[PDB]
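Here you get one chain, nothing else, as structure tokens; it is the form deposited in one PDB entry.
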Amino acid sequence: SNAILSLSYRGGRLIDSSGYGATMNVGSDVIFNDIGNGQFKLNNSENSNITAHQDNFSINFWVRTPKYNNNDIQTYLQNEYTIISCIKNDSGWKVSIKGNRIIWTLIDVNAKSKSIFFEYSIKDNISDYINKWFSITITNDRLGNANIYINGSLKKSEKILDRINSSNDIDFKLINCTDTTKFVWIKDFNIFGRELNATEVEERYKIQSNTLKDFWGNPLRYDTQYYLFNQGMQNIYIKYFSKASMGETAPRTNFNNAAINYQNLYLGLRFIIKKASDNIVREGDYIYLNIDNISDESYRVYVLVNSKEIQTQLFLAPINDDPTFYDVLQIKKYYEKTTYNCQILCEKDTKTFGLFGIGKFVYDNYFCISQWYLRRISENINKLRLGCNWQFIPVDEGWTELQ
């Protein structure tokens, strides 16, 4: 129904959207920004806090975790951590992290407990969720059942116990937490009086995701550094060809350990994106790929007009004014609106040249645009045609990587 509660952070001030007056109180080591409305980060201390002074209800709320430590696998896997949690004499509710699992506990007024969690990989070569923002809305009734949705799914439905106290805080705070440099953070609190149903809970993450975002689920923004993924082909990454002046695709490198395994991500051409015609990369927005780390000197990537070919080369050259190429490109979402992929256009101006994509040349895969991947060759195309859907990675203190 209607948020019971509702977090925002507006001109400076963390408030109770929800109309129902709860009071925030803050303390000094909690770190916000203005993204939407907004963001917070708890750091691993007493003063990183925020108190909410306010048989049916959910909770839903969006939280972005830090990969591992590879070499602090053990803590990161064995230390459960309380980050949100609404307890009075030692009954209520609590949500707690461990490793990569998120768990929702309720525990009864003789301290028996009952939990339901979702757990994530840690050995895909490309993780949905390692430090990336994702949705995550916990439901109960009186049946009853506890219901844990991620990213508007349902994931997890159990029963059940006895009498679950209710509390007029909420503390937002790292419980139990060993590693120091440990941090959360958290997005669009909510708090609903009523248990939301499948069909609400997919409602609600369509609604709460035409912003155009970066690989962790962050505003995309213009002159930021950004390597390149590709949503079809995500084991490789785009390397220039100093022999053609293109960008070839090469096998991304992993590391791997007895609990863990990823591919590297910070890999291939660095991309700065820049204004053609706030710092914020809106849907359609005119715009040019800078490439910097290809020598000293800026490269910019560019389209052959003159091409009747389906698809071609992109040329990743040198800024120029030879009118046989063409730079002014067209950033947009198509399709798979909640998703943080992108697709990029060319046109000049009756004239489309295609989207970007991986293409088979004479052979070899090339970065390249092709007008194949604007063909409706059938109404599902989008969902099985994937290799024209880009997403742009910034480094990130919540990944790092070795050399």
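Residue numbers count along the first chain shown, from 1. Between two forms, the rigid core is defined as the largest C-alpha subset superposing within 1.5 Å. Compared with the form deposited in another entry:
- After superposition on the rigid core, displacement of the C-alpha of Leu374 between the two forms stays below 2 Å.
- A movement of the C-alpha atom of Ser28 falling short of 2 angstroms is seen between the two forms when the two forms are aligned on their rigid core.
- In this overlay on the rigid core, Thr352 has a C-alpha that sits 2 Å or more away from its partner position between the two forms.
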The other form holds:
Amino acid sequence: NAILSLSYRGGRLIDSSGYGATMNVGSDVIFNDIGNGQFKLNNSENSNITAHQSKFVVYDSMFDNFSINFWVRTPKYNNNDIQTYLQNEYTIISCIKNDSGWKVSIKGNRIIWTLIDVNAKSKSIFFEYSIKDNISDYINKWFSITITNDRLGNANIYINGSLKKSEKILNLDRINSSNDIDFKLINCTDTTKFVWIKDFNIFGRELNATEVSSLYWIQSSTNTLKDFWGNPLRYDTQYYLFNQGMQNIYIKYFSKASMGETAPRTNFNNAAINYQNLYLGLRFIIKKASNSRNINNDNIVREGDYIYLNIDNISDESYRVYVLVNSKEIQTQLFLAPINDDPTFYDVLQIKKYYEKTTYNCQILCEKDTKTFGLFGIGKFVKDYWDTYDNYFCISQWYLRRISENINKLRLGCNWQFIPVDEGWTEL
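Now that the form deposited in one PDB entry has been shown, please provide the structure of the form deposited in another entry.
One chain, no partners, no other molecules: that is all that follows.
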């Protein structure tokens, strides 16, 4: 029972809650109908949405509890402009009348919720994520934020469905907010900044932990395949390959053995920031296999589709990933070769999500028949001795049983993510 839910469908922004908020959209907003719909705000006057709430939805109360929820995708810092990134707080969503109400702000690597009462007393609570991780779960990635407010106790921030922070708000008096919610960058000094927003909802109660987790599961669209950024995985789109089990390597071509070998990610590191580079190694393109589901160019890949993994940066001609047919062994290297129909090898795959379905991981399956059946992962050249070069791109039957074992499956070597070049992640 959301009391406001923004959705973009049939080419228009609507309130899908049924409480009838009306929208006014500026001339410089980008929209799409992915899922419930997404939009992009840039740093200009015309890049704005105003949602006008009815008398029955607008918040004006000393005691009534309420929650808001949305997902955000905010770009990586510019390496040469970290001081302004860390120091500049800008609003992205606000509902303020005569200085009272609520607002969502970003300040670098922080997401901030602020409440201001009619006496100008204010309380803020923030979530901060690291800008020194080799690989970040949050930078330039879709993530979920749910903020719940108990007027007689705490404000709470939940990130990706789990409680991250709490702050006492009980000393605030009446919060008399605006009928209008403005989605708009305010006070953002960087002309190039933008933010992506999706799944904006308001609830007229304090959601509990169970409700927050359920909402996260629903909004994660667990049947859809996603890329590293949290966007739908697509055909005909160049992707670098990330292994969730071995995050510090990428795959390179080794011509002598028609092989994908591992090599260490390079990094950028100074006193303020650290990250490993993402746009490294073999560049893959997902292609629709013969007699699979009919698609248009750049369509979304589904778990039921049969696909090929082309590689466009080994030579001027396309290469593709091949599996040896009837290997009679538990593990074999994958073969990276020019396009061919040699019956010794086989190229029909599927991209699956067997567990951890709210994550952006996938598994890559070959299942021709029992003699050619396994999951893509990484094998060791030498097993009994720090060496980032000691591995190759393989297919193994070992993963088939492993993924049904009573274990944490988050960091298995058969977990992969696909990384397209994105405007919110620039590197050297």
